[PDB]
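First comes one chain, alone, set out as structure tokens in the form deposited without the named molecule.
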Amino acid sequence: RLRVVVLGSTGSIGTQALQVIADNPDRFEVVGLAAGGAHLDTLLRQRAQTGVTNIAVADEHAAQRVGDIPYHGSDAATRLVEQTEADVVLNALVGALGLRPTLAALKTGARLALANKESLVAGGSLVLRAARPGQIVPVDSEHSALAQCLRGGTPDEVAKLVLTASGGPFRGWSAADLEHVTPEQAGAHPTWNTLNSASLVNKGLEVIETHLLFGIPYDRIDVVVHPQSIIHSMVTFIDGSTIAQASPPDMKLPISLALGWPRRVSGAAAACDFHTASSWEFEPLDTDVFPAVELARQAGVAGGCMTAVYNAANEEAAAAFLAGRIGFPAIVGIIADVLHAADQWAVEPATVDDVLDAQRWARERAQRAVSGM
């Protein structure tokens, strides 16, 4: 029985992970839960339902609303990871909260089932340095597919990695059409991922993660638009053979595989039914209209903290768009402007502080680009 710590337990990935674990008590036992703090109601139900009292809340003010959370405030999730004996740490925390628990999980020797994108994109080689071969197992559909498809040959036999992309809500839109796009049109409803999916920045992040997880050069990582999202990614080998992973969209599949790696979890998700006719479409990404992916490749080839800069510039430009300060195509315009000025940030991140410094620099630089304009 594998002891699992679920970080970011109240989001979509976390709840689905708990469902997989609840369905499979023979293979998994939850030994810890952590939440950012936005969905304290969910976490308290999770404590009541799992009987797990080993729980953390990052938001100090949210935790004080309850008064009996064992780890709270600054680095609560990291401390839970450091102090809990576990076989697997699932990291589905949001944004910046993910990095230090990723590093803590890796130092414990546990398998890291990684859902948090910022960890790898921002942390880069800082994170890779902390890991042994095979210790990081990806939770993202695309990277899970790749990991599975890579079993099709040896590393020297790999020619290309092909990521599929839905294309988002603006697939087939003109550059002129995007000028008028509103946040709500992108599926975003401002508050105290859906936008990054619309801008294709999410796909650029996945390209960076692909390079870091699997060690394949950026010019051998392709993106293909596949609106059905049935094929989740593919690997082309040196002999001409492509191996692909397919399933009806259901995140419980890649979540189960990361938890149970390398053993598959029986009945995790429904398989492709070929009793109905279906048609799977493939088309090139319109790189003229959606340059986010090529910009990610650019940041990634330059290297080091440039990927933290790419991500941080995106967050700030995206927030400006949600605020109504800039238009939609300006998001990737600002990312490009920030990277062009980021010559000091190609260095490898030596410490967590290097990452946070790069991110702070990038945000301020994006703010300057936003303000004028």
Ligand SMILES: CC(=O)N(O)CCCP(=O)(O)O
Given for the second form:
Number of protein chains: 2
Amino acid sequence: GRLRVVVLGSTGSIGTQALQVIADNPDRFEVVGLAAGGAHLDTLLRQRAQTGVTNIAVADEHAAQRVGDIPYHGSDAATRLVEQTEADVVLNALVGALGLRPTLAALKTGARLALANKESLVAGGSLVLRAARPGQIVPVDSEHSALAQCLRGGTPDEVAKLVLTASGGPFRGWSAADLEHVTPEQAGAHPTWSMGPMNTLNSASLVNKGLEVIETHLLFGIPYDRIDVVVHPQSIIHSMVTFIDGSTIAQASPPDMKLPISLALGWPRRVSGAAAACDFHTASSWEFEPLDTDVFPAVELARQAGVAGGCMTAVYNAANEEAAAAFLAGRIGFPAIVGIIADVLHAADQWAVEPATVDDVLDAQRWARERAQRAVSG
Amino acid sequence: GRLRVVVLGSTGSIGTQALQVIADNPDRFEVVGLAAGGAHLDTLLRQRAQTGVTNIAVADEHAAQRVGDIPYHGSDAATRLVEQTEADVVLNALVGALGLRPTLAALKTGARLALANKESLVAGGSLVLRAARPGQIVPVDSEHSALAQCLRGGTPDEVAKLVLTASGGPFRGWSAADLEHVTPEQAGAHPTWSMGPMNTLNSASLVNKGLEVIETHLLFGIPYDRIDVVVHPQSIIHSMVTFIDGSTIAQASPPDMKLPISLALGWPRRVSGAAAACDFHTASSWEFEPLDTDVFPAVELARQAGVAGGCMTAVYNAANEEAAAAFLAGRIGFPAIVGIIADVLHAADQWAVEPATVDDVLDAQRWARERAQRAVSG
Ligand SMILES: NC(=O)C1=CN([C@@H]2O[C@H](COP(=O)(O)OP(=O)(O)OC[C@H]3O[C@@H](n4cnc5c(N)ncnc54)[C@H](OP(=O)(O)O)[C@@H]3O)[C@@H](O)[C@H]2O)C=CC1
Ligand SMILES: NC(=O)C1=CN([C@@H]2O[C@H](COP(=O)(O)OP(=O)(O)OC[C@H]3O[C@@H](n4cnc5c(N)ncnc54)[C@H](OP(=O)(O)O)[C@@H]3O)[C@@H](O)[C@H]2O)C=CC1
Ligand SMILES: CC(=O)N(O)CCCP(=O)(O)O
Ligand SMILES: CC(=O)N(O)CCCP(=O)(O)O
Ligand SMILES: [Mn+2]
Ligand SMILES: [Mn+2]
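Based on the form deposited without the named molecule presented above, generate the structure block for the form solved in complex with the named molecule.
Next comes the full complex, and the chain you just saw is listed first.
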């Protein structure tokens, strides 16, 4: 049938690519809602006109005033758009932990949650898991989409290791001393993927990979000591599963988010011609190397937060959101992003308790941001 | 849950490795029959003692007399053993088209056929397919084991291409002029796999990969136009499947036939600890390059034979068996192996007809061998 899709974050990197997939596949998909922040009204107005969709949410009030005739506006506009729109799939391509309430609202409607917004799962943790039925959350994140495909390759007790690939970012091979002089311009240029600013920055600092290690544990229920990271500079292999017999199954394609987007929207069905395939008629090489954990401890820190569990993963992410914003603002140097995450985590023992309510997560995040902000100031 | 296994070709490369997998997994597998040619009686003696199996076929009558206590001897001994032994799995690791009657007898028993002996399927073609039920033939050949695993990644209508990897053999990158000087000793040394003499020679000439393209078509029912080959010198990726959305799924492991052997015996269940997994703690690379079909046309010749169909694939393989033997005997140069195959195939029009009975295949093989022998002697 023709699936009704709500696109949250429609004007961003993932959102724009998702609308193209939808526009190219009108027999399979239909847009029934759009949500954005209000920073790119030209784009949103174009989207309204091209899709015919008037069911729109805009977060910024001043932005919502300028356009007018907007059904949903303000801080919970995205969430209310989800609560009040009949849909089969909600694509959550918001950025940051602010995607948490839309995620919980999406899961309550019973629709499929095509999840690009990894932070909402990392922050919500068990709370999000408790809200979802088996297979209701379908990963858009390239590594997790790859893992889901590779896991068709055996039964649960046959899985030995999940192996996440990391590009290494623009600072692969750099020394700790080199990192001291990193600028936002340098951090904002990713070697293999074109993305929004936050995922781009997080990929450079390796916090993205740490978030993805937590995401893997949550989505697939595999222990942290069986989740590995390998640096693969081409970003063609998107991740791999190693089975108990010694076999590894890997998923590969030229880097293009339209592929995992299309798969998440029409899960479990594949979408013909979503993206280009690898060309095995032209010479190529796929390289692997260990992550330099001394220079890039963000993944080890994510493991520590994940093993502590409960609200600790929301702490990890919230400390990053504050510190990363501080770096972009020129308030701290690049190494201090992960420096501050570590300091906040080291003082966060009280948050190693399972959240009962959304308010427990929000409290954890509030504490974390305040702590990170104090570190930025002093 | 203890599976009864007959091992045909027990004393050879695959056979030996299979007996090791079985010895390591007594709770899963039991040997109930062995067949061999009679050329390695020391090995056969060891195997009889270690398995406690006296249900043994030996092709050479004088050899059977020398070892003693052999119930089946002669050229029909392997077939007889299969017809007269209760088994759950017949592992056919005979070499050459002489595995055909055992293959057919195995299928008639209803047992799973764990097929290493690709030549029996290549030669039998539709005759073998008619004798098999769906899922009855389970591949041992490493590429086809890999493809079977990767095909879990989608539904049949979602498959765009099956991609077979080829090591390129010892003469990877060599010119046509270089091939003229090849000795049997050079051809007998493979860069990535340790195997019996025939598969070793066939891998050097690229006839092995030709046979494997035909085997792929027959096993998986995928048209020749959707079966591709790429050269991968590491032999770590064992084959891949490209799906209609642009996703590729690949299976990889350090080269060790115990992995596909173990999976074939236990299909669909994986066998814990069968082989070592890829280690991503040390830097490495996986390389791909095209095959130069000007120098190595064996794969294109196999496709041509397969497309012609009927007994043409038996002709391709029989011409190879005869020409390969002539090369090993010093009667022809190395490039003449594939040269003779091409000459026989392009004159083989009378054999582009489906075999009604095994005798039709046997007649096609006789014709091809005689044709090849006249090419050698001329
Ligand atoms: N881009 C990629 O390739 C990948 C991204 N991801 C994840 O997907 C998510 C989206 O990333 P990406 O597309 O790069 O991000 P972008 O920055 O490109 O887009 C973010 C979107 O969210 C909207 N937005 C921002 N703030 C708010 C708010 N307060 N309320 C409602 N909407 C808001 C923006 O609207 P506007 O700008 O118009 O205000 C924009 O549409 C992230 O969680 C990211 O980590 C994961 C895998 C790869
Ligand atoms: N080796 C490998 O890794 C791979 C092999 N294959 C395929 O598997 C099959 C076996 O290959 P491999 O193990 O290398 O071959 P080998 O030459 O190592 O072994 C051949 C086996 O067949 C027996 N044999 C030979 N002639 C006869 C006969 N007339 N009657 C009965 N038995 C006979 C031999 O017995 P004896 O020597 O005691 O007389 C031996 O047990 C081949 O079809 C090959 O192409 C496929 C994938 C990889
Ligand atoms: C494409 C994707 O899903 N990402 O999260 C970006 C990955 C870039 P890196 O591997 O973290 O450098
Ligand atoms: C291991 C295996 O299954 N083979 O068939 C040998 C492959 C060697 P090549 O790729 O044909 O050179
Ligand atoms: Mn990712
Ligand atoms: Mn093979």
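Rigid core here is just the name for the largest C-alpha set that superposes within 1.5 Å across the two forms. Positions refer to the first chain, counted from 1.
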field: Flag for residue 48, CA shift 2 Å or larger between these two forms after aligning core
entry: no
query: Can a Cα shift of no less than 2 Å be assigned to residue 322 between these two forms, given superposition on the rigid core?
result: yes
- request: Give me the C-alpha shift of residue 350 between these two forms, core superposed, in Å.
  value: 1.4
